[PDB]
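Enquirer: Residues per chain, in single letters:
Protein chains: 2
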Amino acid sequence: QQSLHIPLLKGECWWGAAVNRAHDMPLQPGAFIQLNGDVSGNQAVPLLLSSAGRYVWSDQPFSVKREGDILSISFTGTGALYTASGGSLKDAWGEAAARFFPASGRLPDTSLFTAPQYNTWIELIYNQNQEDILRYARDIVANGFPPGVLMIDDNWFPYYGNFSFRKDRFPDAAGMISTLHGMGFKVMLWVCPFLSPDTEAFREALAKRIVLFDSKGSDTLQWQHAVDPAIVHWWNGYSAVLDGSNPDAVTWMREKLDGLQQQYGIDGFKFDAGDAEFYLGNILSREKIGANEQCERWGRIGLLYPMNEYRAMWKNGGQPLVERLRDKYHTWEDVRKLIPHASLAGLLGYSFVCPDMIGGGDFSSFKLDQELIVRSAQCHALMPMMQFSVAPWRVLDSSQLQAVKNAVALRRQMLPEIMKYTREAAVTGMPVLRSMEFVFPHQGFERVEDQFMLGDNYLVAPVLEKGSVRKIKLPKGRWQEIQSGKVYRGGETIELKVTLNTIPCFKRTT
Amino acid sequence: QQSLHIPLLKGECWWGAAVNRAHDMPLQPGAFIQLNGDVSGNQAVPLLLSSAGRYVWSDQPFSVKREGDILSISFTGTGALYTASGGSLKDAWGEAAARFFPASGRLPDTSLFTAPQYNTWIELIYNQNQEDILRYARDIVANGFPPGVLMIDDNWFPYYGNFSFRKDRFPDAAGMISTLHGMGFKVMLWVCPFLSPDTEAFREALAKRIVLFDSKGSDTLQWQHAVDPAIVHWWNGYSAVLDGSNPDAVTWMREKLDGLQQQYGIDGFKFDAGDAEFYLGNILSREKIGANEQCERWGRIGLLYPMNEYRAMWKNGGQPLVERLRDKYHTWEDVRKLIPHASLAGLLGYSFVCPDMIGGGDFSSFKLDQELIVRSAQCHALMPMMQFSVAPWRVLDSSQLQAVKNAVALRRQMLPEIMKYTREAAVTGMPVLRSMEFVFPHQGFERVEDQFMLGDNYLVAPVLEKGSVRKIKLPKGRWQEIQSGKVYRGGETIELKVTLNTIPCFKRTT
Ligand SMILES: OC[C@H]1O[C@H](O)[C@H](O)[C@@H](O)[C@H]1O
Ligand SMILES: OC[C@H]1O[C@H](O)[C@H](O)[C@@H](O)[C@H]1O
Ligand SMILES: [Cl-]
Ligand SMILES: [Cl-]
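Line by line, the protein sequences are chains B and A.
Per PDB author numbering: the first sequence = residues 33 to 398, 403 to 546.
Per PDB author numbering: the second sequence = residues 33 to 398, 403 to 546.
Source of the hints: derived by calculation from the structure; they are not laboratory data.
Treat the hints with care, since some could be wrong.
To be verified - DSS-like, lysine-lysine: derived pairs with alpha carbons at most 25 Å apart:
hint: 1; chain 1: A; residue 1: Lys543; chain 2: A; residue 2: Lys533
hint: 2; chain 1: B; residue 1: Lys199; chain 2: A; residue 2: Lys199
hint: 3; chain 1: B; residue 1: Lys533; chain 2: B; residue 2: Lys512
hint: 4; chain 1: A; residue 1: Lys199; chain 2: B; residue 2: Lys288
hint: 5; chain 1: B; residue 1: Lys522; chain 2: B; residue 2: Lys509
hint: 6; chain 1: B; residue 1: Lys533; chain 2: B; residue 2: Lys543
hint: 7; chain 1: B; residue 1: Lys199; chain 2: A; residue 2: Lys288
hint: 8; chain 1: A; residue 1: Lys248; chain 2: B; residue 2: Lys248
hint: 9; chain 1: A; residue 1: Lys543; chain 2: A; residue 2: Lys509
hint: 10; chain 1: B; residue 1: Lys42; chain 2: B; residue 2: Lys512
hint: 11; chain 1: B; residue 1: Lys522; chain 2: B; residue 2: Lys42
hint: 12; chain 1: A; residue 1: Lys512; chain 2: A; residue 2: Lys543
This is chain B alone, in the form it adopts within the complex:
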């Protein structure tokens, strides 16, 4: 029950805890975040950071509330308040990272960065089949988009826990993979730790005792004597679930994943689910770990597969995992979350952050707003990674499509810079996408969330509303718009006339 009461320093701003709550930060009076058994649909970390260089850490989950000008934190384990003498957000990040989530030195597969990614989810939804995937792939190429990592999303397999292609819809999956390789794509498969609970796979997993067991609400029943599997309700239905605490579950998962790699030439895996909330209730694990750690240990599987992507996470800061922002709606509200979510992810140790799916990644959203799709693409362009799903050529008229292609072109022109800071982030953990406050502390940027720095020297200010005008707050120094070449005096807010094609970006010259 150990608790901690922290008066804010005058003017102090606090961020942390949960990536999918960044739009509610800096934490205001009234704010409440519970981490115990909740990763809020995305990545979560037991870390708060302040604009005054202060930080809070615990190895275990906590809840945080701001009442008035006081932080109240209730820890399940123990935690503490720290001050970095530098006094800035960057100092708080730097000290916290080296103490608690030091950079591993490794990168996720570089193919995830060096071209845009394509996920079949919005185009094909549940109808993942060989013919339509190949067509999507061919359409990418024919429309002049660069081949990249192609993610085949949910429903390519017979049932949950059967790690093979359903032959009804994939008559020659190896051939399909080979063709995709030929066209310059890499291929990733959606996977999860859920098992259809009346199948061969389920019975095999039950017999190997790699599932989570039902406690029967009994205080004293032990893992080693439980016989019935936990059954868990999620968005696709009801399933048994792998016990991430059980080393035999790791072996099983490897067998399945390595199988797909060897049999079909699969390059990597999109690791979905693992959300802490699925591990709550009457559940027994072999090593008696909490729901948050179940999420965390699912996350570690991706350390064995350099080409990976996670949405749900607990900890694993400083690790070579791609951390995708969760399913975004088809709204301007959501396009406005990409920067602050991404920038927060970076500070929680998730430098390799990909901003969900251009135009939105929630399938029931898919009426379509073309402008929004363009602005989504342009916002993705100079983030660490760029991910498509809905086919721009299918839903955009020709100059909206051209604008999207131009966004892709700009990313290719900036790629040496992106890759420079990406490689660096592997070594030092320092983010690729940085908030204005991280790079320009105590210069009035604490609440500027529609601008970010790509490394130290490029200020990107994507257009994220309708109109022919965009305001841009420049730090002290001189700045050169990389496209127009017009030099601007820093230290003020400027107004820029914009078209559908504009992606404001400035090089720091002084």
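We have chain B; now place chain A with the ligands onto it with these hints.
Expert: Chain A with the ligands in isolation, oriented as in the chain B frame:
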């Protein structure tokens, strides 16, 4: 709770309630059978019948106990005691049938009778696949056994609720069916009403509201407002389940079964599960029916598919459904159940009774006892139907194999008689396989369960023990052993010398 309390008449014997309890009948002091929520792994009917012509019926389930010489029945609904004036078992049977389960006039597909049946369950267990099924079928013909109905058992499909062949193990199921038809076989598929509860089929059934719903233990929650499915534990795991009370579930089931017939040319279906026990607990059904009626209504699907077989049943006496004795163990005790089980099934309105599987129908029993297999085959031979699974040519030496073949030959010689009483059974409900007590009342046959009458005129007394001698109790009259042509006077017990090949059968000549 309404009830009857019945003093036994002097010498009176009572049978009824549940097929799979017939070995414990006539009901002894201490006997207890609960029907409410329980069909005892097989067919059950709310009927009791006495050697003195008395009978008990209710439309609804009951419990029955004998305490000393009192037979007590406790009804969920209402019921009554009746007396047939002829004063015999057959009179009680005939009156009860005509009042409460009159013969429909119809037959199941006659191919189920006019050749031995073959079921792939014991041969292939869970590994059901095109190549091994065809090999089985070719080994049937190559060993000189007659082509029959071939039943492809559990696990031919991707998951429970997906009514299609798994293309990994059936690369050309239609072709396979065509080849089996060309060899003289017909083909049935195992089906059940369970749904893998995280799959497409599950989500479609949930959306159509054809599943059974979870009541949440609430007394007030109506079907119409429930959103979550009932999840049921069974021998293959955890599943959603169809609501048999819901007419939309009937349509869905017809769509799937008709789909299999049209696409692949499937002749019929083995309808498994449906057991009343699976319908207990926190469950809401559209027409608010009990667990027994869920079993009964699963049974009626077979009214649309003349080539059918069921194990679990509630009521539907007098109907054109094949009723299979359940999974038998590979034991002498279980071989000794075939006759009393089958004869009881006849009295409860199940004339079209097939005695499970030669040698055993429980997979986990598979030191195979060759003699036991032979005697199982011989016991099957002059029953209404004869069903193989384990390959006699794989597990028997040549004498034993020949003896099984001779059993098949005897059945073929006797088939006109079998079919005569089968066609009659459709019209009058009068069983094909009759107990000795049924044909010969008040002659001391009440507890004789190793002999049966095929129709009126053939007394069959299979060898059901080891040794060279078989006792046979002959009713008054004259009896001609059909091989030797020797005539025996009845009204006494003879001892008959037997070999492995002997199937003692006597024609009534007085
Ligand atoms: O069900 C598939 C769906 O699952 C989650 O919502 C993911 O975040 C999506 O991107 C998609 O993969
Ligand atoms: O699971 C398959 C198995 O299911 C039940 O037990 C049946 O009675 C068996 O004959 C067999 O079909
Ligand atoms: Cl969910
Ligand atoms: Cl069961």
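Enquirer: For each hint, tell me whether it holds in the structure or not.
Expert: Hints, verified against the model:
{"no.": "1", "hint": "A:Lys543 x A:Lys533", "verdict": "holds (18 Å)"}
{"no.": "2", "hint": "B:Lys199 x A:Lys199", "verdict": "holds (6 Å)"}
{"no.": "3", "hint": "B:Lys533 x B:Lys512", "verdict": "holds (22 Å)"}
{"no.": "4", "hint": "A:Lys199 x B:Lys288", "verdict": "holds (20 Å)"}
{"no.": "5", "hint": "B:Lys522 x B:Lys509", "verdict": "holds (16 Å)"}
{"no.": "6", "hint": "B:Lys533 x B:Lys543", "verdict": "holds (18 Å)"}
{"no.": "7", "hint": "B:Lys199 x A:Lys288", "verdict": "holds (20 Å)"}
{"no.": "8", "hint": "A:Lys248 x B:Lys248", "verdict": "holds (16 Å)"}
{"no.": "9", "hint": "A:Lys543 x A:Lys509", "verdict": "holds (14 Å)"}
{"no.": "10", "hint": "B:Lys42 x B:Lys512", "verdict": "holds (23 Å)"}
{"no.": "11", "hint": "B:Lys522 x B:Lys42", "verdict": "violated (38 Å)"}
{"no.": "12", "hint": "A:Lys512 x A:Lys543", "verdict": "holds (13 Å)"}
Checked against the numbered hints above, the structure breaks only hint 11 and satisfies the rest.
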